[PDB]
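Assemble chains E, U and W with the ligands onto chain Z, guided by the hints.
Letter by letter, the chains look like this.
There are 4 protein chains.
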Amino acid sequence: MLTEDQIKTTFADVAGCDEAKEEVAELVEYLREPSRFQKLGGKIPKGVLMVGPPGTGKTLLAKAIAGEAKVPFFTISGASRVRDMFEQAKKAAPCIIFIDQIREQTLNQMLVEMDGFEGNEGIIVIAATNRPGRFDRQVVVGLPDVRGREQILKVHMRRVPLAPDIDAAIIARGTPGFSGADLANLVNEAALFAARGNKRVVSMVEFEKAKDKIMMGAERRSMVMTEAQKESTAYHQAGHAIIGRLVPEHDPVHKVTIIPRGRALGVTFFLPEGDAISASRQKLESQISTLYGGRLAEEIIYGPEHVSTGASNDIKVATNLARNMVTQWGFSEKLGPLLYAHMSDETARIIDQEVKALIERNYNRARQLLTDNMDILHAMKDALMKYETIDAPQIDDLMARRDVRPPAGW
Amino acid sequence: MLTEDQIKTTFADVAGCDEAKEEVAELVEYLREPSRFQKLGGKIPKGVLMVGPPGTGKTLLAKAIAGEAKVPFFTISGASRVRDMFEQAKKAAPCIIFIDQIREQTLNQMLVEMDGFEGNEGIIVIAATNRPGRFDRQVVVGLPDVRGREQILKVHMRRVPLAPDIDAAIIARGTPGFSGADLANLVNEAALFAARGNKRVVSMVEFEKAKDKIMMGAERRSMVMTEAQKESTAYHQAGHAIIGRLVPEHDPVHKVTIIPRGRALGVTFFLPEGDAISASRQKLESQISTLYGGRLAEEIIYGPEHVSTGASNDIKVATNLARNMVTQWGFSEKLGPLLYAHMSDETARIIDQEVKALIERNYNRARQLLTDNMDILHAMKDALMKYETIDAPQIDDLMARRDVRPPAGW
Amino acid sequence: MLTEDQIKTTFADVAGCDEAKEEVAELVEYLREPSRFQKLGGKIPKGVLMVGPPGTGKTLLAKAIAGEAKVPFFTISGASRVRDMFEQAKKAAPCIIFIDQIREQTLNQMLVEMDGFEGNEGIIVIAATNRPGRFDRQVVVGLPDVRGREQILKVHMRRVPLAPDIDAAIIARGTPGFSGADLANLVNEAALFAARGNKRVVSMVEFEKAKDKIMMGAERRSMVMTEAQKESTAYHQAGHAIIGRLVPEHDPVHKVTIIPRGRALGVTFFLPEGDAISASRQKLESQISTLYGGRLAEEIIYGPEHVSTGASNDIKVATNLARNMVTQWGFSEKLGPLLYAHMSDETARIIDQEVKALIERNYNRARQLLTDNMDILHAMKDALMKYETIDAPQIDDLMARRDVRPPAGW
Amino acid sequence: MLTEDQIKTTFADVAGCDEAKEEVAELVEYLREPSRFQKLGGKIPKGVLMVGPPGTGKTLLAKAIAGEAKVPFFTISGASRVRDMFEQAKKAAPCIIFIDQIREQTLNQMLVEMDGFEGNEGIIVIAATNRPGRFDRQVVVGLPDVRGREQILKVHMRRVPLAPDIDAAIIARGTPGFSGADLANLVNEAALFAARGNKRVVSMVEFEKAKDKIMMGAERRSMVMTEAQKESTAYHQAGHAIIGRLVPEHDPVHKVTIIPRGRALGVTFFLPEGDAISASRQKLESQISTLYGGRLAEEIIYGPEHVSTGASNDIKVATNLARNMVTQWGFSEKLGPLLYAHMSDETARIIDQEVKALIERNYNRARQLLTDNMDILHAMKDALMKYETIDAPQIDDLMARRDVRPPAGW
Ligand SMILES: Nc1ncnc2c1ncn2[C@@H]1O[C@H](COP(=O)(O)OP(=O)(O)NP(=O)(O)O)[C@@H](O)[C@H]1O
Ligand SMILES: Nc1ncnc2c1ncn2[C@@H]1O[C@H](COP(=O)(O)OP(=O)(O)NP(=O)(O)O)[C@@H](O)[C@H]1O
Ligand SMILES: Nc1ncnc2c1ncn2[C@@H]1O[C@H](COP(=O)(O)OP(=O)(O)NP(=O)(O)O)[C@@H](O)[C@H]1O
Ligand SMILES: Nc1ncnc2c1ncn2[C@@H]1O[C@H](COP(=O)(O)OP(=O)(O)NP(=O)(O)O)[C@@H](O)[C@H]1O
Ligand SMILES: [Mg+2]
Ligand SMILES: [Mg+2]
Ligand SMILES: [Mg+2]
Ligand SMILES: [Mg+2]
Ligand SMILES: [Zn+2]
Ligand SMILES: [Zn+2]
Ligand SMILES: [Zn+2]
Ligand SMILES: [Zn+2]
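Chains as they are written, first to last, in the UniProt record's numbering: chain Z, 141 to 218, 230 to 253, 271 to 298, 309 to 519, 536 to 604; chain E, 141 to 218, 230 to 253, 271 to 298, 309 to 519, 536 to 604; chain U, 141 to 218, 230 to 253, 271 to 298, 309 to 519, 536 to 604; chain W, 141 to 218, 230 to 253, 271 to 298, 309 to 519, 536 to 604.
If we strip away everything but chain Z, and leave its shape as in the complex, we get:
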């Protein structure tokens, strides 16, 4: 299943993954001109394995390779019968074979062909899926860094007009772990979204709209909630916010919103402001106090008899983070640095008492902060209603004990 082509994918079109690009260009240089290797180039690399995560160009270096070198054929893909592949891939074979449908005589057969019946054409296997000599060099095609996000976003950005306010880095930042595909969609749906309202110029506003519709369910506004339900979910979806600021070393607050998306009643967003190299104990502790903040915000205002089963998911991740700290990253003085993840019955008790002590300490801190800053909570409950959504400039105005400015737009 191989086809002769004239125009196909090159290398300069792909972005990011510079190391993978480097190994690709080495293979491309090699594919012809073997005489350059007077140092015994020595069995042109046989077998290339990409163990990268699925979805980020795991097979785009294959397309790039097939187009590259002016070798006019592609992957050979697109049981037993491989030997017919060995037979056909001897004459006029455009320098590779790529085999992704995910019994290893391929090594002996390929060696025999490349030694006897192949005039240094260097047809070798390169494969992608998710011992030395059969898979010698394995090249990782990984998820882009934020720098890479900027590049790819600019690359697909060619096709449209731009309104002045576009800042590619922020849009890149908000997509942690989005592949090339996900960015491609972000742009595409920006275009579609702008068309829906028939807007000539496309700016960052609909851009954020598209990002949101991607990660979370698209806005589902037709649902009705009573007057009081709108009010309660406004406190709980604040409180998350007023704590995100006062606790130390946290990702800053980007958005606080109230209209339901998918299965969620309200959302508070965060922006990593970098890539996750590692975490401090301090910031890990701060996360907990931000998480439970909503339930406390709901209890102080309403009474402990009316606190609702809305904090279920907020509770779960909190308890999951808590026990990881004690169990498998050190972080507890009594037990000491060890890995407890068959133990005794006494040990199973000390682990629990430590977990409870941690959550209790931060829960008290979270309770203390809200009581002192009561004016903000009422001030922020109000604006959350008058306008349905709050951006970053507005939140800072609240947190400074000042007047709220109207949101961007409206």
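Keep in mind that the hints are not guaranteed to be accurate.
To be verified - Taking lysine-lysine pairs in the BS3-like style, the calculated list, with each CA pair at most 25 Å apart, reads:
#1 E:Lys461 / Z:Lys391
#2 Z:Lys186 / U:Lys203
#3 U:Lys161 / W:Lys575
#4 Z:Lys391 / E:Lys198
#5 U:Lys198 / Z:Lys186
#6 Z:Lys203 / Z:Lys241
#7 Z:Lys332 / Z:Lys241
#8 W:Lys332 / U:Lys183
#9 U:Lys183 / U:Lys389
#10 Z:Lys387 / E:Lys186
#11 U:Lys179 / W:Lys389
#12 Z:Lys550 / U:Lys550
#13 U:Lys332 / Z:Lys179
#14 Z:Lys161 / Z:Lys183
#15 U:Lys198 / W:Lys391
#16 Z:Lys242 / Z:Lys210
#17 U:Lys198 / Z:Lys183
#18 Z:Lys242 / Z:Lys148
#19 Z:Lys387 / E:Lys161
#20 U:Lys183 / W:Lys210
#21 Z:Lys161 / U:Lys391
#22 U:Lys387 / Z:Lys161
#23 Z:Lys387 / E:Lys183
#24 E:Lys161 / E:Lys198
#25 U:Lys550 / W:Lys550
#26 Z:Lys512 / U:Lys550
#27 Z:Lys494 / E:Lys461
#28 W:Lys148 / W:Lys332
#29 U:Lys241 / W:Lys148
#30 W:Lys183 / W:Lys210
#31 Z:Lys494 / Z:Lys433
#32 Z:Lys512 / U:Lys512
#33 W:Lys494 / U:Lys512
#34 Z:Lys512 / E:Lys512
#35 Z:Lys186 / U:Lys387
#36 Z:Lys377 / E:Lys179
#37 W:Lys377 / U:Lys183
#38 Z:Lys575 / Z:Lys550
#39 U:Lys179 / W:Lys391
#40 W:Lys332 / W:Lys377
Keep in mind that the hints were calculated from the coordinates and are not lab data.
Showing chains E, U and W with the ligands alone in chain Z's frame:
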């Protein structure tokens, strides 16, 4: 499988799911008039996934809109032999392909040739079942909300006479989670049920009968219960009704019955009365209290050793609900807000003492309530025995301590 | 299925495996001059199984021996239709058959009848895969030793020039457990690496580069990390280092790195310095202290709060190693020499107490070293950030408290 | 399936297995001369399956069956076509059948029909595998007892020459459970082994070599071990030998060696000195003691912190042997004669106390024995280093505190 029809029924047929309706009418307008590539990147959306629960219009929309643009095709289907037949879709298309026979390279493997041979029709592989680029848009098709229940009900309600007193919403609330087929054939069975007695005009009187039949089971009077057995159930199903009222923040009572249907001697119905997102501590404690109404009625009236295995299913639900509160949804002072749903034996016993304390507190509140209002219980036993069924207005008469009007009908 | 030929390459090819070499020259001698066995040995050695580890010369021996005795065909290999094929290979044959596609008791009476038909051919089923009379004689093909590693390295190093300063043995001990194949690769990639920069011929300077590239990841340099971040990961690696030279009986240090090579920001290499024959109590405890020494550097420099979660994989290695001592090899005075690998709940508590005592003693000792040698840590932190890599000679310079000389090259 | 030979191998080569051989010779005589039915033996055994362990002649009594009676037929060895079989078996062919090829009453049905329809051939199905009428008999083909080892050895020992001082029984005891194939090729490899050095006649000196190459890996002298490593093993293998003698009722020591063979640096051999019928408490305690000889030799000689993980495999067998005695075989005063191999936690504690006490008592005895005889340990350390191997006479020389003579040979 291609089926050629010129014209079909309009888009008034689908009701509810307005968000899905929107995210689909964009596709509908796109299918033709692709000249709107003035955003200059508007490449066709992708295979669209409808990932709702089975049973709620997952495929209904097809006929409403496939009439639009007069596409002479349908769902294409209605172990990879397709590929060629997949590439068949280049002439007289519906501007889609639909596949609900529900490995992963199939989409992008053929999409290039698709759009290359697609006449700007916006062909996609929209699919329904229970990495962007192979599937991008996942559109929820959810169960009709209590507002949407009215819309669907009035849609299928164009085919009959109507009695003056019919109210749609009351039937709406009675069917929580009923999908479209449920409502449609509820109307259908209303029609049939009226016809069986040869009553001229349908009405709510049998409408509720149809609901009750489908939801629970046909009422079986062919059973014989002795005289002394009709009396015992009469108390149990009261007591449920007496305590459902005096306890705080409960769904209100609709009707109370004695005729045996399915496997249960008596049923007490509650009306959710306005869909609620989530519940609160007070409501859950009210439910735990009300569930134990019957056993206490039996125990006081008949003695501590004539109680029976009738509260078997009432017990299980109660102890399940009480177990969820302390383990998952916070709601206990001693243990704290944490997910307990492994652990030490000391912790294992605290949870048991906690659930026991909870059940006991509400059980005693239940007994103290029923003891004081002794007369109501007897007064209500008499009515259930005279007329085998009591409606909502009658209960107000009993609870006010005045005489009972005869039921509507009779 | 067998391949006709005339001659093959000599016996200088296979290196090491001298015991296997002998127990193969037996078959080589036997296949010819069978009458030499006047001591009635001429009961042909039946199926010979090579039961070595995979990837280390399991099937390498083909060329030398198939050439010797001038046997002209290879293995036959290259659900039992075979038996006729077993009949087929009895005249003018490879002199034996080899079959690596790995009910089975079928071998004996079949090839016995054949050898009765064989004109003293002595054909056997010599088999490879990862009772007497069918698999009586098996010849192991083990992982190469250091004195063997060096020789294989010299053999494949017949095909290029070398720069004067190459010591084979250092590269030999650098590759523990890797086969002939991995050494083949090391040389091949050395050639390529030299070619890439257009260097005339290669010393060991890039030889180590090839080792690092294969055993670890390639130098993923393209990443950026802030200045304040490198300083965090450069106080850590120095701290596996200075604590690995003040403890007794440890493997010496070779390199320390700051440039990320995969999943790790830093690497500290140790040179095994001899093949592993088992171990000693002192050496195991010293390893335990070396591992935990990294995170103590962070704790002293930045304080107990800002101690990151990068010390994770260090914790696991230590807790398994410390657990294995008191559960499998004796090494605990309280419990005694025994194998605890059910068991009571009292016995489990003692085990955790012993594991914790071990790790506590070594943790405290690894702390007592850095506090006294604070001046080394700062100095080694500077160099690691000045030049990204430190060679062995400078580490000695630092550890002696004198001025640092620049690296080889630069 | 079909093969006729007028004359084949007899049964006098069956040496061994006298008892089953008799039950077979009964049948052999009966196959013809049925006229001895004057007690109605009219009932040839319908089916007897040799239920012995695989590997010991389970197919050699069938071959004897075909040979005997001068009856011209080979047995059928060599999903139901069996009806073919009981069809064909009527051509004046008596009792010449075997089935080890690979719907349940089939054997009895066809057998009855044919033997009723056959001319008194007395046909029976005999099978080999690992209610009378389908399998009436079961005959055991067991492993050769120490008497029978002599018979098989003398049978195969005709071919070679004999050296003067070869003793069969000593080789016999050396192979505790080798089935006839193992003895046969032990002789074979004796012949081969002599041939390599090309000696005139084969003494037992090489016979020990053949046994050692079979039982454990062949000598691997190619390994190089440092000087200080040869001294370490030299002590551990002694110590095993010193405590083996001074402790009561043990299998005596045969040979003690240092050159590595397999995965073990040293091996100490014992001779069972008779068949292992059943063992007693004194003997089992002797074993538990002797095993821990090596670790104590290391600990006294070098120090309490230069011990190693070499006693890893000595520990395990010890804790198994000690665990069986308390749990399965009585042999403990406190718990009593019961099978403990579920149960309360208190009981789990008692068993560990007991196992620990047992190991402790014998360990202390082992220490006290060795310290008193310190000179023997040194004197025996020297001999192992000088000559790599010590035989039986030398151990007596050491233990009497005299001068050592050199081994046979050298
Ligand atoms: N560096 C990149 N620049 C631009 N687009 C990219 C890049 N990497 C991946 N893509 C996208 O990937 C698509 C095709 O690559 P693809 O076959 O998906 O490999 P992949 O993305 O890793 N899929 P998968 O097999 O799950 O890993 C293109 O159409 C792009 O949208
Ligand atoms: N929103 C709706 N409005 C009107 N009728 C509906 C609606 N949803 C479902 N129906 C009825 O349900 C049927 C449509 O069948 P179908 O498309 O299978 O729904 P579905 O049950 O969600 N699909 P599935 O879950 O796989 O069985 C028709 O009889 C419709 O009258
Ligand atoms: N002793 C050796 N000397 C030289 N090259 C060797 C040696 N052992 C292995 N090789 C190389 O390794 C390959 C030998 O064939 P191969 O079938 O891989 O044995 P193997 O590596 O053990 N394979 P396997 O063990 O079945 O996984 C060839 O590429 C040889 O060049
Ligand atoms: N009593 C005996 N005297 C001599 N040789 C014997 C004797 N018993 C078995 N053998 C040898 O055993 C071999 C045949 O063994 P075999 O028929 O397989 O028994 P078996 O090994 O149990 N069959 P199986 O276990 O199913 O593989 C021949 O080489 C015989 O020489
Ligand atoms: Mg891909
Ligand atoms: Mg469906
Ligand atoms: Mg192999
Ligand atoms: Mg056999
Ligand atoms: Zn929340
Ligand atoms: Zn009830
Ligand atoms: Zn570390
Ligand atoms: Zn030992």
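- Distance restraint between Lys494 (chain Z) and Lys433 (chain Z), which requires alpha-carbon spacing of 25 Å or less: 23 Å, holds
- Holds or violated: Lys183 (chain U) with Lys389 (chain U), Cα cutoff 25 Å? 48 Å, violated
- Message: Against the 25 Å threshold, does the CA-CA distance of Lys161 (chain U) and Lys575 (chain W) hold or violate the hint?
- Response: The given pair, whose Cα atoms are some 33 Å apart, is violated under the 25 Å limit.
- Message: So if I understand the rule, the pair passes when the alpha-carbon distance is 25 Å or less; does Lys387 (chain U) with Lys161 (chain Z) pass?
- Response: Satisfied, since the Cα-Cα distance of roughly 19 Å is no more than 25 Å.
- Message: What's the verdict on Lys148 (chain W) and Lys332 (chain W), does the C-alpha distance respect the 25 Å limit or exceed it?
- Response: Holds, at roughly 22 Å.
- Query: Is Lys512 (chain Z) close enough to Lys512 (chain U), meaning Cα to Cα at most 25 Å?
  - Reply: 23 Å, holds
- Given the hinted pair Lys161 (chain E) and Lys198 (chain E), is their alpha-carbon gap at most 25 Å? Status holds; Cα separation ~12 Å.
- Is it true that the CA of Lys332 (chain W) sits at most 25 Å from the CA of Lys183 (chain U)? 17 Å, holds
- For the pair we were handed, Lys461 (chain E) and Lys391 (chain Z), check the Cα-Cα distance against 25 Å. The given pair, whose Cα atoms are some 34 Å apart, is violated under the 25 Å limit.
- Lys186 (chain Z) and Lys387 (chain U): Cα distance at most 25 Å? Within the cut-off at roughly 20 Å; holds.
- Query: Can the restraint linking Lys387 (chain Z) and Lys186 (chain E) be considered satisfied, given a maximum Cα separation of 25 Å?
  - Reply: Measuring from Cα to Cα gives roughly 19 Å; hence the hint holds.
- Restraint status (C-alpha distance of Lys575 (chain Z) to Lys550 (chain Z) at most 25 Å): Violated: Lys575 (chain Z) and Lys550 (chain Z) sit about 31 Å apart, past 25 Å.
Hint compliance for this structure: hints 1, 3, 7, 9, 20 and 38 are broken, all remaining hints hold.
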